[PDB]
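*Asks:* Listed below, chain by chain, are the residues.
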Amino acid sequence: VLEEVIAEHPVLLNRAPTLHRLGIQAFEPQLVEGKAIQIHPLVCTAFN
Amino acid sequence: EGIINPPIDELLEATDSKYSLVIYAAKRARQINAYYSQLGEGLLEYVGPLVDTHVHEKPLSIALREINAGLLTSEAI
Amino acid sequence: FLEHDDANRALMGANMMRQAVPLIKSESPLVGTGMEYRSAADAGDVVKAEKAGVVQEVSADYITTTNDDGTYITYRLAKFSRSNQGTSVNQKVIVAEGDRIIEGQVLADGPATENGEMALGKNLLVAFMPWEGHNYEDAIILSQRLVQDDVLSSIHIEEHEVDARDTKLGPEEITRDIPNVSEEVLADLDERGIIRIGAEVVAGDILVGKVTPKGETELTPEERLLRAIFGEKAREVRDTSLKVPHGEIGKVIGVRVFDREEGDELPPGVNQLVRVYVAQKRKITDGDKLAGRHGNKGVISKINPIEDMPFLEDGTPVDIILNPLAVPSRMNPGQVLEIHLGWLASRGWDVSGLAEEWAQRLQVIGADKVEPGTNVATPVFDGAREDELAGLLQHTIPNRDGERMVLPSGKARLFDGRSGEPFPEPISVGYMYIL
Amino acid sequence: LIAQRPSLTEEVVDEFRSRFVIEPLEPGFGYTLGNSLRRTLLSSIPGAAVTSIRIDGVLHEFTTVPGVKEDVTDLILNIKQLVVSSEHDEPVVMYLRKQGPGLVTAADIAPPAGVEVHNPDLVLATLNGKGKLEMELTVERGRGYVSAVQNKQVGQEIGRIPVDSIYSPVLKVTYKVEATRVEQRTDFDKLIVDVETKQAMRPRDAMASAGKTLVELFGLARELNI
Amino acid sequence: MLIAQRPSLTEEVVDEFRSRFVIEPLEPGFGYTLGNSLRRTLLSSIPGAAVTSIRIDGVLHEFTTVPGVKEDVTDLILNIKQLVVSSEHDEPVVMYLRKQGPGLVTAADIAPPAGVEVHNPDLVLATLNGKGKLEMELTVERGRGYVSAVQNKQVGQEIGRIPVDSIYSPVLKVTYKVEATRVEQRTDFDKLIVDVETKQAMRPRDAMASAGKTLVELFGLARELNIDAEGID
Amino acid sequence: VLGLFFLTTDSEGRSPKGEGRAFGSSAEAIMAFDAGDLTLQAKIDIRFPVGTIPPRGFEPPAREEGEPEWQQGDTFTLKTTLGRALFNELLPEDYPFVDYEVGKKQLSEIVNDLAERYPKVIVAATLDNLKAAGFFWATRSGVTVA
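Residue numbers (the entry's author numbering), protein chains in the order written: chain R, 486 to 533; chain B, 9 to 85; chain V, 582 to 1016; chain C, 2 to 227; chain L, 1 to 233; chain A, 582 to 727.
Here chain R stands alone, though its shape is the one from the complex:
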């Protein structure tokens, strides 16, 4: 049910310093094993 429901529901990822307005960025959630947030390396540098 969780995999069914998260779809089409944005989530705002956010890093602590949030220097510039690109610190907070919405994303499509997605279930994934492990216990660590997977993120896309393209948007990593925006967070610094």
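Source of the hints: derived by calculation from the structure; they are not laboratory data. Hints should not be assumed to be uniformly reliable.
Claimed, not checked - List of simulated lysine-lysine pairs, BS3-like, C-alpha gap at most 25 Å:
hint : chain 1 : residue 1 : chain 2 : residue 2
1    : V       : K862      : C       : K131
2    : C       : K81       : V       : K606
3    : V       : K832      : R       : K520
As the list claims (entries may be wrong) - Simulated restraints, written as ranges between beta carbons of each label pair:
hint : chain 1 : residue 1 : chain 2 : residue 2 : range
4    : B       : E49       : R       : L504      : 47 to 53 Å
5    : L       : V94       : A       : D618      : 22 to 28 Å
6    : R       : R506      : V       : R856      : 47 to 53 Å
7    : C       : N152      : R       : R506      : 48 to 54 Å
8    : R       : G508      : C       : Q154      : 42 to 48 Å
9    : V       : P979      : B       : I12       : 46 to 52 Å
10   : R       : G508      : V       : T955      : 48 to 54 Å
11   : V       : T955      : A       : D618      : 45 to 51 Å
12   : B       : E49       : L       : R6        : 46 to 52 Å
13   : V       : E846      : C       : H89       : 27 to 33 Å
14   : B       : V55       : R       : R506      : 35 to 41 Å
15   : B       : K66       : R       : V528      : 19 to 25 Å
16   : V       : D895      : R       : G508      : 47 to 53 Å
17   : R       : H525      : B       : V63       : 27 to 33 Å
Every residue gets a Cβ at the ideal spot worked out from N, C-alpha and C, and that includes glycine.
Since the structure of chain R is provided, determine the placement of chains B, V, C, L and A on it from the hints.
*Replies:* Just chains B, V, C, L and A now, kept in the frame of chain R:
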């Protein structure tokens, strides 16, 4: 089948602004959610999804689909 | 190879190394400063002998030693007792039955130690190459071999306790008859309301049962009606029992109970106190921070199967990949020297009558004929010179069939495990100590 | 233009290591073949391994069995590298029992009919004169690796303790290529794969099972079309 | 022990020559074995026919110019190697093309010999200004996979003749990508997507059928070591 | 960016074996590369089917014919490297060809150009393709330290 599935530029040119688009889509999504939660009163003023709908859905996706199709219109008071 | 690292990266490497947790089976670094033995023995975790005698009874719990004078002393080794930060302090036993001992010699190994030598981590086979982006921005890729073979796994013992305190309304009871509960929840509880030893627990499980003496209950109309329908008596005693914190797993290992009425002394008010030890074996997983010695650190990004690892000409899959983009910019080229020297340590070397300057230096030092696998020591400022490494790489022992898998340059042939096709150029490879 | 079908030839370099050569492969074809064969040979082979054990007077893996210098967790580690061969598709119990001082070894472990240990020389632990070791082990058959977390299936039996299990009996594989002597521009390469395996099974049968898996996969691929 | 969900090859067509194939959930880690072996064999093992040398009237190997044609020699070599031919003689076969007058000489105007078929008469080979004077003979030979051009002394035998690169493989390219899928609450399932782009001569699905068979034989070559069973279906 | 720099770079990056030849299409060039005769860094003549926009500076030059020709959107051979062809194939078809070493500054330039002249979705898809190709070719690049 994704958040970016409805492209944005057509919506921008349809509504001519960006914040106007989000507020307008939000009003429509509120209406369709409230309609799906009618559960029997059948108020005449309410209107359901104009475009086809899945068995499970998020109302905002439907609202955005309606805007992209363009049949929906808005008029400021 | 400290001298080669920038001061900043040395700072990070030395500050990091005060956090490495002990592992199930600690191994001394293949390459490391010769001072680790003193750093191990001087600390008070290792259990050394105060007499020169013959061991008489060697065992897991305790070891008995006997001096020529006649005095018998039995060292009691701690076993899986929680530390301040919540990690095991398991101690191994190294001495055989009848071995002769000398004063101060190390009898029992400690957490993160090996034969009395320091061991804060294991030594993995590292190869420097970007790999599909899973090790982008310094992050780490390691085999499933480390998960499979228990190479990087650490015990963790958590301890949380409750008190049966006497309040104004009445005393709290540590009991099995918890109110307003199902039957199967209190399945592994002991007679007085204590979880049995060894009962694997999960989030929400009941550890020790406790019930409030009483509360002034004014039943609501809905509760009154429901109780009337189902004929259940809502009782003054209310459940407040300790439960496993959310997101926690483990096998209980030991429970302690302190009772007021018994001779044991407790603070005022608390009639009874109960502490439970939940111990688990955390395996190296995604997100679990990993790092080397020279301030190179990263989170695991993915744990490939052993097959997908780019393997060597003789099939040995590289246990861990590391971004090379790090080492130039961060100005810690010590780790490359460390990798090469570790590769040299793993495969021994023979140097006799070579009549070379480096050969003469090694012959006079005495480190000329070294067998495979023996640890090698490079003091923090008298470390191996680069000429020595070059020559030793030229003269490594043939590992199989008569060929050395590493080229003179210090790089080797890497066959990509996934596409299969050999990587276009040789790749640096060796042994690095990862914590 | 020339048609030459692949042909396999075998040679043995050790009682558990063998080299297999396939000469008429197309150019640039040996490497991919060897890699596919290797990945499968490592991934999926039927084998047997210990999947849980039981100790008298012990309720978890953390404590220590009196009389043996090795703590239970070290015994789990040493058992994990025990290698067995099990013909029974269902779990099979094994009983280990030792009294007095000595080296308890896999050799002593009682084999049920049809379950065979293959590394008797391996040492499990050491007992003093006063010590006592008494163990029940469950041997299963499977492939790949399965962690202890999913092996746990009995809850009431507190004495039982699971262990992660490694079924695959292959140790490593190495493929090389060369050039054929036959005189054309294509320069057909001769794949040579050396397989070294644990004492569980001969490499011949190991790669036989690998070939079975791969040929079934590609038969599924081919048949479903046309 | 049985695979949880048996695979099943499926097809998706976007053009009569371009195709995509999907493999349903597969055992974890097997997505690259099958995918890369398919890429290599489907590119290489399948046999076919393509040119191996060309000969233009009244030109030398060093003389890169051809009289009577606006176009040069090199683009002509490109266009001829582009052309696809099915041959089954199993020995070198020569194909003639003689056209004069201005116009456009195309693959349609080519006259093929017996038992050799030109699939694509649409391609335009040369453009003629004034009198065409075009006379040219080429050699088709059946081959396997791919081979780079080499000198067989045909230039010494006849100065006009020159070598050319040949595409024996009927398929042009194979791009295989593996992604993850979630099945029975587990994400350890690998879906393989193989995009095959093939020339108009052969239909790609039959191409992979042949490729699959060549691999079935090649890996069944290992059965002779011993008969063994593995959980399947 | 290291991968893409490796994908698009001049000669001398290796021993440019199989340099100075003409190939019918990027597909046959990839075949030759797979066979190992060609190497990724080498100047060669590459054709382009219709729909390939040519380099912005290629627009004045064209083929030689007595009849009008429109090379802005039809076939054209070109002296480039297979890697440059792959990089351009990553970019959207409407985008003019890029034949120079890409590095980082030029990557920023072309990314800004895409962001300006193209819709957002195309930009996202192109960035994803650039990411994938860059990681793949950084892996194959064999950058190390020793």
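*Asks:* Work down the list of hints and note, for each, if the structure agrees.
*Replies:* Status of the hints after comparison with the structure:
The hinted pair formed by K862 (chain V) and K131 (chain C) fails the criterion: a straight-line CA distance of about 30 Å is larger than 25 Å. Distance hint between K81 (chain C) and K606 (chain V) is fulfilled; the C-alpha atoms sit about 14 Å from each other, no more than 25 Å. As the CA atoms of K832 (chain V) and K520 (chain R) are separated by approximately 21 Å, the hinted pair is consistent with the 25 Å bound. Restraint check, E49 (chain B) to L504 (chain R): a C-beta distance of roughly 50 Å satisfies the suggested window 47 to 53 Å.
Hint check: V94 (chain L) to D618 (chain A), Cβ distance near 27 Å, so the stated range 22 to 28 Å holds. Separated by about 49 Å at the C-beta atoms, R506 (chain R) and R856 (chain V) satisfy the suggested range of 47 to 53 Å. In this structure the hint that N152 (chain C) and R506 (chain R) lie 48 to 54 Å apart at CB holds, the actual value being about 50 Å. Checking the proposed 42 to 48 Å range against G508 (chain R) and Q154 (chain C) shows it holds: the Cβ atoms sit about 47 Å from each other.
Between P979 (chain V) and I12 (chain B), the C-beta spacing of about 57 Å breaks the proposed range 46 to 52 Å. With their beta carbons about 52 Å apart, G508 (chain R) and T955 (chain V) fall inside the hinted range of 48 to 54 Å. Between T955 (chain V) and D618 (chain A) the C-beta distance comes to about 47 Å, which sits within the given range of 45 to 51 Å. One distance hint, 46 to 52 Å for the beta-carbon pair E49 (chain B) and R6 (chain L), holds here, with the actual separation near 50 Å.
For the pair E846 (chain V) and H89 (chain C), the supplied restraint of 27 to 33 Å is violated, since their beta-carbon distance comes to about 58 Å. For the pair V55 (chain B) and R506 (chain R), the beta carbons lie near 37 Å from each other, so the given range of 35 to 41 Å is met. About 23 Å separates the C-beta atoms of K66 (chain B) and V528 (chain R), a value consistent with the hinted range of 19 to 25 Å. A beta carbon spacing of about 48 Å between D895 (chain V) and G508 (chain R) agrees with the range 47 to 53 Å that was offered as a hint.
The hint said 27 to 33 Å for the Cβ distance between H525 (chain R) and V63 (chain B), and at roughly 30 Å that hint holds.
In summary, the structure is inconsistent with hints 1, 9 and 13 from the numbered list given earlier, while agreeing with the others.
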